[PDB]
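A.B. asks: Please arrange chains B, C, D, E, F, G, H, I and J with the ligands on chain A, whose structure you already have, making use of the hints.
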Amino acid sequence: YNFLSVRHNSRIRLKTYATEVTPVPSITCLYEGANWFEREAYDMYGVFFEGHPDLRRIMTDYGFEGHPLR
Amino acid sequence: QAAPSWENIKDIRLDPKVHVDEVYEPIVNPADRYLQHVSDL
Amino acid sequence: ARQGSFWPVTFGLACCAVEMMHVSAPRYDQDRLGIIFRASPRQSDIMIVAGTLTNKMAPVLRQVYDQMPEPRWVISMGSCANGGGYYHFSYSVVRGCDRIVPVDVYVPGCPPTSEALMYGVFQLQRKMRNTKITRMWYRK
Amino acid sequence: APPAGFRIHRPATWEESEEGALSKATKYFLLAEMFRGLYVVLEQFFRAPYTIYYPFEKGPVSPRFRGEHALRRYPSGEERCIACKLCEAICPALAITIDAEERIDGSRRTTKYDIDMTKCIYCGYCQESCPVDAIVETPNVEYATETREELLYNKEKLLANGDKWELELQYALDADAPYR
Amino acid sequence: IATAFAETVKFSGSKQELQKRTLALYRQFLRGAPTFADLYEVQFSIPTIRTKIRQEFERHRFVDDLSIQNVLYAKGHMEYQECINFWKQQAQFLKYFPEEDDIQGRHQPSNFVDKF
Amino acid sequence: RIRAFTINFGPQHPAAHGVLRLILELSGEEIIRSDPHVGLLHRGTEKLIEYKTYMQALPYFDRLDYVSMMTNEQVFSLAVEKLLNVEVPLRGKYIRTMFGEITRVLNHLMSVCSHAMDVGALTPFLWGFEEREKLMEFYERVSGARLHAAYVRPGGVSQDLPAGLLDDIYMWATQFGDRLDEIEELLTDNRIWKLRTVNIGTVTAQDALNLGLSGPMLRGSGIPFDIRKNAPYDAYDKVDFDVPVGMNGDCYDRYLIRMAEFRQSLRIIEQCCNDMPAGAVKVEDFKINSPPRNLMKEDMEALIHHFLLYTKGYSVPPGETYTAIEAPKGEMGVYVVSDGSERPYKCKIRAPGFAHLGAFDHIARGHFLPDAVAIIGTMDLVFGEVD
Amino acid sequence: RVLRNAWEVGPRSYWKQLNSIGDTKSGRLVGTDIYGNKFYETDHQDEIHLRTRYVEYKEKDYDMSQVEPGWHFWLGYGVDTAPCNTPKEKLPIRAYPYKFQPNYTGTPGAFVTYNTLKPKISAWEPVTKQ
Amino acid sequence: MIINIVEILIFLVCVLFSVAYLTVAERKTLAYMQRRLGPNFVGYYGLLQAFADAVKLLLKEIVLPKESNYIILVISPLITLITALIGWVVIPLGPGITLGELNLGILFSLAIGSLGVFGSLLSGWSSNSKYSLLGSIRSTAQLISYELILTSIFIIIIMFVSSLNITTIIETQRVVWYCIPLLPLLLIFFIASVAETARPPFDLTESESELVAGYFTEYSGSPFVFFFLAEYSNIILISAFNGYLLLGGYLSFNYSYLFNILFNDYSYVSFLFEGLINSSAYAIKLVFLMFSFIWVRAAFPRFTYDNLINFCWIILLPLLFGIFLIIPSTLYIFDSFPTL
Amino acid sequence: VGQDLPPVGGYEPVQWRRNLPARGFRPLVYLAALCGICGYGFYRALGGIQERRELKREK
Amino acid sequence: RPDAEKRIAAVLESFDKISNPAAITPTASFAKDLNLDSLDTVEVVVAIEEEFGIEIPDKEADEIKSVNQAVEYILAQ
Ligand SMILES: CCCCCCCCCCCCCCCCCC(=O)OC[C@H](COP(=O)(O)OCCN)OC(=O)CCCCCCCCCCCCCCCCC
Ligand code: SF4
Ligand code: SF4
Ligand code: SF4
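Residue numbers (the authors' numbering), protein chains in the order written: chain A, 142 to 211; chain B, 31 to 71; chain C, 71 to 210; chain D, 50 to 229; chain E, 4 to 119; chain F, 79 to 465; chain G, 7 to 136; chain H, 1 to 340; chain I, 4 to 62; chain J, 29 to 105.
Derived from the structure by calculation, the hints contain no laboratory data. The beta-carbon is built from N, C-alpha and C at its ideal position, and this holds for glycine as well. It is possible that some hints are incorrect.
Output of the computed footprint for chain H on chain F, the stretches with three or more beta carbons under 8 Å from beta carbons of chain H [unchecked claim]: (1) 191-203; (2) 264-275; (3) 444-450.
Bound-form chain A, shown alone:
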């Protein structure tokens, strides 16, 4: 995660580790800019998420299984 300040002009990074098996929860509960990006994360990886509405595919074909950035 890269985050950006506004008052402070200062970036930050925040990392977790997730397995294809087990999910990690999303951050869409805090703000609304997430629910597009986490779709992108799920589509490119199959890093499955949690606590999230509309976990679709965007970034591939609709019948396409597999996960490309693996």
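C.D. replies: Just chains B, C, D, E, F, G, H, I and J with the ligands, lined up with the frame of chain A:
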């Protein structure tokens, strides 16, 4: 202003436009701007 | 008459569509030739495929191609549109629109010049000048 | 704690009255602001056009513009390409396929030389790295084949293309090679 | 701030609850079959859809871990999501249906002799 | 209760420069629910540059965002040269800054033109493309093509400018302010664009920060923050640069803030025409970018550097970085995890056209469809910057 | 005043010129004609940018690539000087024929392509002993 | 019997050849207005493009399984027959004294300009597409709402006329140059005139690919050239209709031709000349009018349906009802009423 | 370092701001002369109608 | 109720995998009496709701184990 582009008033310049010297790009520092900020951070 | 008016429908997918709309720019104008494209696949004649062509797009492209009247041609505008071009090694790209639609004039290169697109258009019209359809009814 | 980010000064800006005194109703009522735009486009109507009659005229062709991959040779040219493979290893769509062999007279030459003009992005890195300056982007846009089979340039097409013009390429290099 | 057909992502813990949840998913995925045949205009019949859906779930009858069955449930409910409306197209949709034999001609009878 | 239907907005040509497949649902021709649908164009650059070298990476990299090319080149090059602990000399920084600002002129010009064409006026579109053709030439006298360019490198740029270019670009910028006023006089003032654009698509700053928006829409929502004045990459520090600030978060201030950025970027082209130093325009050493092609044929070491710089790419030190600059569509970020080898172990782009598109549903509600056509073009939805 | 500035052509070439180009450029200094075609630069005082240099093609079946490509810069403004001026720049040519096929696309004699070499593997020749 | 059929062939070939070259004309003038050049290549000079385009786009002819051919094969012929052509039955100042029309002029033009609207509506009725026919109902609704304030203003300008036959307006208007010099609501008539024949800055139902990659239906083929020709012919008819009543025919040099024809001809040499200059007057009053249509094509963008109905039923129509609260009032005040 | 394209030894700076209303008569005279024109137009119009008062009874 | 289960014992008989319709006692189990799969249980439930053109909620699909329960929910319209 005026005297800008075509339908010309016969006034232009492509001459005496130089600064002839030998360069003096005195630098070596890769990353030293950040060190105070890194110490803060 | 067919060689004179000659309007396409934009399919216009990427950077090569930016050069296509540069042919609508005043420097190398379309309308000095007659190219006045509608946004409708029935009112069209030729179907300029520009930009790269995803795996995801291609059924929509062929469905656009079928709802198009019978004197139809296809211009492959852009290297990616023919033989896959600069990606060509994606899971999600189609290796050339020859796998999808029959093409009559290719146009090379990432983004081909507005010069290049008009040169391909004149070569297509030069092909039209050898269609010989009426004397092919006469079976020459 | 100074933390100097402040001072947008937040203009309250009531702006209730005294914009106009019935002139407002005039400019709203009839389209004076819009008739102004009509007068602008009429004044634009009289000025010069910009069309370039493309079969008969041409847009500006810079010497560093990229084209169709003509192979140069020397003066009395012994096929200047040496199959040095540097122009292979940077073609970013892998549109280069070369094979080489020691030819009969001892030197190394290209057995086959292959450009996928299907997938040549025209980055010019081929030109930016072939050390003997033997593969060169042309300025010519001379194209529009009807088959892919008329695009896949072998060695003979590129040597022929360099033999068709080196005049233009000599003009190009002699305005560019002290910058390359 | 929206949905399209109420795709929810919340994996439960107990394997019984996941069983019931996949069961209700199977009911909706089976109920939408005449809607599928309407929507895509296939050649085959609605019972062909039903026996192939049953085939697809019998492909993963004997998968042990609930923490694999979670993302299998997500894949199932998510492709139900992309089938219940017209996101998928029929060219995209026939990738589940090895329908015809006559495309292949004579081919491998799964003997060693006819690998050669 | 609600019984609403749906439409598919654009298969091919709804908004120009976008394959805008928008699955849009209406009750009363009101967009109660908005579901942007992009990703038709997933060309997969994000995968492809994991097997390409860094010199090979850049002509992938401006194929994303195909209306602001060498700015995207520049953000990738800043991400790499930040990860090299090198610094391009001052000639390189000034020519990349002036090229970033003619690129900014080009991007905002094509955005406002395609916006106004979707809104309906045809003349601003063509008048703007008339000097977009001159900017195409100003690429062409530097690059190898009209709009795409491998001109920026991580080690600075490809090559120094030719003389007649720098002489001509002043004479271009002499008239560009006049013609920018000329296209400005028939849109900014009229009652159309004043009800065609009203407080429409109002995005508050509390929400806009929570949406991951950036750039022109952010500064339209009245937060005086970009990157260029605030995290100054590449000599924007050294040039007088004033940044316009919105007051109302609608599309009208998002119009006027671009129209102000034109006549702010022209000052940059002015002072970068003046302050242009003389110096090395590549990086100073030759371990990392390219040797000069003169002495690569009179020297051993220049040949070995030439050879390895076009075979194995080059060494990059390991680790992560992220670098964002304000492209004229918003904050572009590049997130690169470098292996310590010839090729990037991971590159993730970050696109305003992928965030603003994500925000689109939260913005579009409570409008009509011809509102939505304009609100596409306001937030710079050129879908070659999706993936 | 473009009418009498087209009167300088002479109407025999004008009624062909209008049949060739929509505009009628003033017939000006010819530069030098080439292998197929005739050119013109233009010394007219009042014409727009980059509509100075142009071509009469000598063929009703007209196109590009009839230009011998040394002139192609001079029709694309790759050089101020007309290419029939300097001999020391112009002569690398001892690759002796200069046949210059323009383009053959759609013509039956189109360019096609082929592997240059031979197959990579060289199958055995059926020689039997006793 | 032979003279009137060759009359009607001359007038039909005038209007047809006219509306043929009008599209080339507008594209040229857009192009110079867009700082480029129009069709400059077609054949012999560059005046010919539409005359080749008509022969081009005949030879396409698709049909659609979502719709009966029997309605869409006739509904663009409907507005080609009635809206385009038999609006000229009134001979909208066939620019001489004479016409090819008996009498009772203006409300015939009203009736046929009224008759075109469900030619548009039944056109949009086709294909049974739930996203299409609502756009059709949108188009027809704004179309009738500006039909109403064509109607309610050219019935109030004839309150200075009171005679309903075609010519009497024109012989009435030669004294004042009555048309615009006494009243400038011509301009709102003009801004009404872009809507009731939509060749507009409104473009409203031409949401070309905002719908499923098609705007009206995409009935391409002969119905396309029918719709295209009828739209342009409705434009030159309603533009003539503007130049008929609220802009003037019979330019004042023919009023001064008393000081010219009495200095030119002796006595009635086959009426050789005056119909020609009268036609010249009406033609230059007509093409100079539609030059402003070709302005407003490329000056101001589309116009946002809800604001368009705002622009009809809230602003222009109450101003209008004021304006014929005064034009009955002011002539009653100042001196008196008109006879017939 | 040799002769590269350095700058000019001057600037001659150029336009970077907005432009203006056209002629001097911005105010309501651009409306009020409208009331002049109608103030002429009816001045003949009704009069012509007034003259048709004599004309109709002539016939 | 009367001859609703005639239709149900027609549909389930028309459904396969039940080789003995004499084993179909009407008031009897699904998975105990006939060895129906838990997947196949709700499969024939959806077959039943599709035959009568009726739509059921989720808990009504949860509770069905014997067809007397099914007929008892069929009775709701
Ligand atoms: C007093 C003595 C004489 C007495 C007789 C009086 C006769 C006077 C003649 C008629 C009077 C003219 C009245 C003009 C009506 C126009 C009114 C109007 O357009 O209102 C603007 C309105 C703005 O929209 P809205 O936001 O709802 O306004 C509320 C803002 N708080 O609506 C809009 O949205 C604006 C849309 C307008 C679209 C116009 C498009 C361009 C038209 C320009 C072409 C015309 C130029 C050619 C003709 C000129 C010839 C000189
Ligand atoms: S062909 Fe070239 S210009 Fe077109 S999309 Fe592909 S990379 Fe871009
Ligand atoms: S120009 Fe670029 S794409 Fe073409 S062969 Fe050379 S390096 Fe490869
Ligand atoms: S770079 Fe030069 S030596 Fe190497 S393959 Fe290309 S032409 Fe031959």
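A.B. asks: So, for every hint listed, does it hold in this structure?
C.D. replies: Now the hints, each set against the structure:
1. Counting residues of the segment 191-203 of chain F whose beta carbon lies closer than 8 Å to any beta carbon of chain H gives 6, which reaches the threshold of three, so the coverage claim holds.
2. With 6 residues having a beta carbon nearer than 8 Å to a beta carbon of chain H, the segment 264-275 of chain F meets the requirement of three or more and the stated coverage holds.
3. Coverage of a stretch by a chain is defined here by at least three residues with a beta carbon nearer than 8 Å to that chain's beta carbons; for the segment 444-450 of chain F and chain H the count is 4, and the condition holds.
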